[PDB]
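Asker: Each chain, letter by letter, is given below.
2 protein chains.
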Amino acid sequence: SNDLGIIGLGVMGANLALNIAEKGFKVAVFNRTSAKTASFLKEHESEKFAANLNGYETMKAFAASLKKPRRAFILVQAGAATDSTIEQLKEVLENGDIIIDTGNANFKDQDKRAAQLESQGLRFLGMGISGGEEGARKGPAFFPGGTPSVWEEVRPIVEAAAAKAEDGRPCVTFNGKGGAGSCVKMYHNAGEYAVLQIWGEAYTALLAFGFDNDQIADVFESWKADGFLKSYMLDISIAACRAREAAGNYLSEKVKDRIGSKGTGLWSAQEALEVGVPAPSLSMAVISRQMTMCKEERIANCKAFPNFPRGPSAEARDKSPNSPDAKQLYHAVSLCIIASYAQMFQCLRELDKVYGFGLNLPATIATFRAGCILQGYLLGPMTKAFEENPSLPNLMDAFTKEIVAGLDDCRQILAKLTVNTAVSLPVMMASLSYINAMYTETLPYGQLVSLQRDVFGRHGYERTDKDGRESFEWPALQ
Amino acid sequence: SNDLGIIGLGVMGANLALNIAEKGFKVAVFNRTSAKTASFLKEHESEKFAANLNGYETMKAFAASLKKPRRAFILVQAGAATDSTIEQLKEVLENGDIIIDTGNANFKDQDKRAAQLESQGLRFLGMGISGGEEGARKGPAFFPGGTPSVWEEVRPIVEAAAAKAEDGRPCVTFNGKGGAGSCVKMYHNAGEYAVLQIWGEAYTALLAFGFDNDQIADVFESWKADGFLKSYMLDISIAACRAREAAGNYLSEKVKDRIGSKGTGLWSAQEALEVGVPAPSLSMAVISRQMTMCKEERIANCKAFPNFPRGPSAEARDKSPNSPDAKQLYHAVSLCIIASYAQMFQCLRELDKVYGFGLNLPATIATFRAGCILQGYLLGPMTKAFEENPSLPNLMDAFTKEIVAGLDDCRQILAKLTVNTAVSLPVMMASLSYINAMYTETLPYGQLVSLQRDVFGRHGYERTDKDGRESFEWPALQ
Ligand SMILES: NC(=O)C1=CN([C@@H]2O[C@H](COP(=O)(O)OP(=O)(O)OC[C@H]3O[C@@H](n4cnc5c(N)ncnc54)[C@H](OP(=O)(O)O)[C@@H]3O)[C@@H](O)[C@H]2O)C=CC1
Numbered sequence: 001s002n003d004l005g006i007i008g009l010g011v012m013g014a015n016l017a018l019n020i021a022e023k024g025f026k027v028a029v030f031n032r033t034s035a036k037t038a039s040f041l042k043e044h045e046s047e048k049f050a051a052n053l054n055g056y057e058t059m060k061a062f063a064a065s066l067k068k069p070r071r072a073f074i075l076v077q078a079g080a081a082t083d084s085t086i087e088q089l090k091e092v093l094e095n096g097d098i099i100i101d102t103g104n105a106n107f108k109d110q111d112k113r114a115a116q117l118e119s120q121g122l123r124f125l126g127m128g129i130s131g132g133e134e135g136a137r138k139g140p141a142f143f144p145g146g147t148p149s150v151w152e153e154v155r156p157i158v159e160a161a162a163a164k165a166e167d168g169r170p171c172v173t174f175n176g177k178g179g180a181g182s183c184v185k186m187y188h189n190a191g192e193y194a195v196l197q198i199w200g201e202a203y204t205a206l207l208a209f210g211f212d213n214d215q216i217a218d219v220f221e222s223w224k225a226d227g228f229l230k231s232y233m234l235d236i237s238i239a240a241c242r243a244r245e246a247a248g249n250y251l252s253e254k255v256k257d258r259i260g261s262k263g264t265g266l267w268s269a270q271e272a273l274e275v276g277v278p279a280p281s282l283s284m285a286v287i288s289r290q291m292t293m294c295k296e297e298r299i300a301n302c303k304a305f306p307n308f309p310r311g312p313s314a315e316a317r318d319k320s321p322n323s324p325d326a327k328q329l330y331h332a333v334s335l336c337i338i339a340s341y342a343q344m345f346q347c348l349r350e351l352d353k354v355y356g357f358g359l360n361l362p363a364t365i366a367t368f369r370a371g372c373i374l375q376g377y378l379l380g381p382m383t384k385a386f387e388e389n390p391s392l393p394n395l396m397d398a399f400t401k402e403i404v405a406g407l408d409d410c411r412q413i414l415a416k417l418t419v420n421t422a423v424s425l426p427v428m429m430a431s432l433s434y435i436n437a438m439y440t441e442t443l444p445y446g447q448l449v450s451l452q453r454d455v456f457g458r459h460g461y462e463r464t465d466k467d468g469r470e471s472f473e474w475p476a477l478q
Numbered sequence: 001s002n003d004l005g006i007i008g009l010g011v012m013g014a015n016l017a018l019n020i021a022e023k024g025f026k027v028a029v030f031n032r033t034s035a036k037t038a039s040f041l042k043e044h045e046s047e048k049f050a051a052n053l054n055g056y057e058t059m060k061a062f063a064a065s066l067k068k069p070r071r072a073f074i075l076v077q078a079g080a081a082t083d084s085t086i087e088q089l090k091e092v093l094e095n096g097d098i099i100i101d102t103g104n105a106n107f108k109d110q111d112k113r114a115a116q117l118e119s120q121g122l123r124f125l126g127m128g129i130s131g132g133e134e135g136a137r138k139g140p141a142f143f144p145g146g147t148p149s150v151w152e153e154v155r156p157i158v159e160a161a162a163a164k165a166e167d168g169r170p171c172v173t174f175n176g177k178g179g180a181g182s183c184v185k186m187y188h189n190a191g192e193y194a195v196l197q198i199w200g201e202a203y204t205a206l207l208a209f210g211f212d213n214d215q216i217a218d219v220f221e222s223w224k225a226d227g228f229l230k231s232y233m234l235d236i237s238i239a240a241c242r243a244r245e246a247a248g249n250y251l252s253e254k255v256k257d258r259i260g261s262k263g264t265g266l267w268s269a270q271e272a273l274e275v276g277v278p279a280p281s282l283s284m285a286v287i288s289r290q291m292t293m294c295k296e297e298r299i300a301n302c303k304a305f306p307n308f309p310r311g312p313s314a315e316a317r318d319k320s321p322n323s324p325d326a327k328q329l330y331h332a333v334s335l336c337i338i339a340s341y342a343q344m345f346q347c348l349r350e351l352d353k354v355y356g357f358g359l360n361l362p363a364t365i366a367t368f369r370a371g372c373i374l375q376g377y378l379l380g381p382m383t384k385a386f387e388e389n390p391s392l393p394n395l396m397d398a399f400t401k402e403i404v405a406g407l408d409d410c411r412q413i414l415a416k417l418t419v420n421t422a423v424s425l426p427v428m429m430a431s432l433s434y435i436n437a438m439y440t441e442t443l444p445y446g447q448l449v450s451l452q453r454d455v456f457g458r459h460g461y462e463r464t465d466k467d468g469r470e471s472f473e474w475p476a477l478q
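Top to bottom, those sequences are chains B and A. Sequential numbering of the first sequence, starting at 1, is according to the entry's author numbering. Sequential numbering of the second sequence, starting at 1, is according to the entry's author numbering.
Incorrect hints may appear among the rest.
Any copy will do: because identical chains look the same in the list, a pair fits if it lies in one copy or spans two.
Stated by the list, open to error - In silico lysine to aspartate or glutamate, EDC-like type, Cα no more than 16 Å apart, as pairs:
#1 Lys-67 with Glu-94
#2 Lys-108 with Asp-352
#3 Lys-68 with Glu-473
#4 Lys-67 with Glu-153
#5 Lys-112 with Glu-473
#6 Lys-319 with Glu-350
#7 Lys-319 with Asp-212
Worth flagging that the hints you see were computed from the coordinates, not collected in a lab.
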C-alpha cells in the first residue's frame, strides 16, 4: 500500500515523484506508456531512496495501492489528456477520494470538472505547479484553489515537497474557491511571458549596437549585482547568452526564431481583455510569440521587398557594461517589468471580484519568492506594497522613486532604438504606453474617439461637468 | 401584405426602414416598445413613401403580413436581445421562413443559431451592416454569410438598399457559409477600431505640440486634400474636432475621456489571439479603450504621484500643415493604417482556413469601397492588390513605394514624441513594431526566449542549420 499517486511521467511528473519519495512518502507512479514506468524505476534504482517508488502498468493496480482516501496527482498535458485521464480514474476511485489536477489548465474548465465530479461522490482540487524541470526536482511553488476542505487533507503532502522561502515559510498558500489556483497560475505565466520577452527585447537592443553574445550577458551580470533585477529569469537570460556549441559558435545564432506556447499565456490575455483590465504588456507578449511563429511569412516578406529601410546603424563605441547605452536600458528594462507586473496584479484583483475566489493577495505575492519562475528580489517590495496598502490603485504607485529616476532615461534609449535600428520592441513599447496612459489624467484620444463614435453610431459621450450622456447633432458627411 | 419585416427600431433599424421604403419595397416594422413603433410612423408620415411603412404592435400580426416565405430582419442589441427575438420568432413562423440577424454578433454563435433553426423548418442568415446612422438611410454596406440557398431570396432587397460604388456595383457580396458574413463585420469593426484610435492618437500628438484644437483639424484638412488619407473616418475626425458649443469653448474639452465598447472590437482581438494571427494594432485598439475606461485609476494614480516626468516639452513654432512635425506625422499615420488593414485581412484569411467559410476575399474588400465606416481611397489599391496576387503574403508587400517613402520619416517623429512628451501612443507604436518584426528574417528575441523556455521547462527549440528540435543541457540555477 502506497500513500500517494502521480499520473504522467513527464518533465514535471517524473521529478515530482522523486521529490515526495525522497520526503519519505510512498509514491505510486503511472504513465500512459508503461515502458516509461519500467524505465523510471530502472534508472532511479541507485538512489539512497526509491524503495518507496513502485511503478505499475495497469490502472486498477495503481488505484488499489493508495491509502483511503486516495490522493491521485495528474501531471499530463493540459486539455484532452487531462480530461481523458480523469474519466479513466472514475472507474477505480470511491466516494471521498481526492483527485488533483496539476497541469497548466484553464480555470474556466477547472470549475466544470468540479461540478461533473462532485455529482458522483468524487472530490476535486485545482492547483498549479511552477518551477520547471529543476524546480520540480528541488522544490516548486504551489497555487491551490477550490473547496477548502480538500486542501487541508493534502496540506501535509504539498508543504513537504513545496519550495522553502528565505524566512522558512513554504511557498504555498490557499488562494480561494473555484479555479483560483489555476487562475493565479495562468497569470503567473502571464507575468513570465512578458518579462521573458522583455529580457529578449533588451537582448535585441544590445545586439543592435554590435554587442556580440558575450558582452550582452556581461551587461546582464552587472545588472544582477545591482540587486533590483536579481531574478531567476535574469539567470536563464545570462545562461542563454553564454551557451556555446561544440564548434565554438554561440548557441543563440543557430536557434530558429520560433517560440512555442501552450495555452496559459494566451488564455490569460483573452480573459484580461474579456474582464476589461488593460494589460497591453501581457497581450503583446503573446502577440510577439505569434509573430515569431509566422517565419515563412517573414521570409517571403523580406524576399518580396529586400530594400527594407533599416535605419542608420549606430554601433556603440563603449561595449562595456558601464556604457551609457547599457545604463539607459537598465532603467528601461526595470520599469517594463514593474509595468508588466502591475497589469498582472490588476487583472487578478478584478478577477477576484468577478469570480469570487476570496483571494488573499498579499500572501499570493509572497508565495512567488522561491521555487517558482517569477522568483526574484522584486517580489519583496511587491509583497510589501500590497501588504501596506491592499487598496493600492496601481502597483507602480509603490515604485515612484524608481520611476522618477529612470523614466526619462528609459524614453530616449527606446527612441534611440526606434530611430537608429529596425528591431521590433513590442512588449517594451507597450509597457511605456501603459505607464504614460495610466498616469495622465486626461487622454486626448479618449475624448476624440468618443466623439467619433457619436458621429456615425449616435452612441453619445460622457461629460466631465455633469453626469449622464449627451449627443451633439452632426452635419451630413456621406 | 408586405414582403419583408424589420425588427428593432433603433438608430440603425429606423434608417434602414427608410432606405428600403424609398426603394419601393413594402417595409413592415416592429419594436419591442410599441410606443417607439407608434411614434415612428408619426414623424415619417409626410414622406413621399409612407404608404410603404406599416407598423405593427403584435408579432403575430407582424409575421402574418409578410410575404411567404417570410423574411424578418433583426436589428436589436447583440446577445440576449437577439436570443430573445429568435426564440420569439420560432412560434410565429412556419417552414421555409427566413430569419436574418443583422446585429453585430459573434460569428461563432451565428453558425450555432442556424443549426438550431433548421431543426424546426426555419432558415437563418447572418449579415452585418456598417455605415452608421447616416449610412443606414442613404445605403450601407452589407456583409451576408450563411446557407447559400437563403441568400438568393434576400438578394433583391439587400442589393437595392446597398450603397452604390463609384463604378456602380452594390456594396454587397456573399462571403461564405456559417457566420462568414458576421465574421467579416466583426473584423470590419476591428479595422475601424484601430484607425479611429490612430486619428485620436495623431490628435494627441499634435495637441502635445501646442497646436490646439482648431489648428489640428486644419492639419487634418490638408491631408484630406492629399487624397491618400481621404476617407470617411478622416471626415468625421475633422468634424469632431471642428465641433464647438455656443459658448465658444471646444466640445472636446468637456467630453469625458471614457470610451465604451460593444463586442466586435473585443471579440476580434480574442479570436485573432486564439487563431494565432499577430494583430497588435487590433489588440492595442481594444486595450487603449480599456485604458480610457479606467478613469478612477488614473485620477487616483495622478494624485498619488503628481511629480510625473512629462519630458522636455517641444512646442512646434510652425503650426501650419506644412510644418515638418505635421508632415512626418502624416507619413507616420498613413503606414499604420496600412499595417492595421493588413492584419485585419491576415486574420480574415486564416479565419477562412480554420472555419472553412470559402471567403471571396477580393470581392469582400470590394464591398468596403462605399457605404461602410472604413470607406475611402485606400480601399482601391487593396482590392487591386489581392486581385493581382490572391496568394499575397502580406498587404504591406503591395505598398512598397509608400513604405520606402516614409518608413524612416515615421520612425523619427514617433521618437520625437516619445522623448519630448509623455503622451501614450499605443496603436501607432504597436504598428511600428509590427512593421519591423514582419520584415526581419530572424528575430533575436525569438531565438533567446526559445532557449529560455528550454532552460527551465526543457521545451526544446528549433535550429536554422538542421531540422528537428534540440534540448541543450543546462547547469543548475536554483
Ligand atoms: N458598431 C458599429 O459600427 C455598428 C453597430 N451596428 C449594430 O446593429 C445593431 C443595432 O444597432 P442600433 O440601431 O444602434 O440599436 P441598439 O444596439 O442600441 O438596440 C436597440 C434595439 O434593440 C431593442 N432591444 C434592445 N434591448 C433589448 C432586449 N433585452 N431584449 C429585447 N429587445 C431589445 C431595443 O428595443 P427597445 O428600444 O424598444 O427597448 C431596440 O429596438 C447593434 O447590434 C449594433 O452593434 C450596426 C451598424 C454600425
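Asker: Is it within a copy, between copies, both, or neither that the alpha carbon of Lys-319 lies no farther than 16 Å from that of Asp-212?
Answerer: within (9 Å within a copy, 44 Å between copies)
Asker: When no copy is specified for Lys-319 and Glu-350, does a C-alpha distance of 16 Å or less occur within a copy, between copies, both, or neither?
Answerer: neither (44 Å within a copy, 43 Å between copies)
Asker: 16 Å Cα cut-off: does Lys-68 pair with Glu-473 within a copy, between copies, both or neither?
Answerer: Neither: 73 Å inside a chain and 40 Å across chains, both beyond 16 Å.
Asker: Can you give me the call for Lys-108 and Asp-352, within, between, both or neither, at a CA distance of at most 16 Å?
Answerer: Close inside one copy (13 Å), not across copies (27 Å); limit 16 Å.
Asker: Is it within, between, both or neither when you check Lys-67 against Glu-153 at 16 Å Cα-Cα?
Answerer: Within. Shortest intra-copy distance 12 Å satisfies the 16 Å Cα cut-off; inter-copy 68 Å does not.
Asker: For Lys-112 and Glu-473, with the copy left unspecified, which applies at a CA distance of at most 16 Å: within, between, both, or neither?
Answerer: Classified as neither: same-chain Cα gap 49 Å, cross-chain 39 Å, threshold 16 Å.
Asker: Are the CA atoms of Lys-67 and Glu-94 at most 16 Å apart within a copy, between copies, both, or neither?
Answerer: Cα proximity of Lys-67 and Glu-94: one copy only (12 Å, versus 62 Å across).
Against the hints set out earlier in the document, violations occur for numbers 3, 5, 6.
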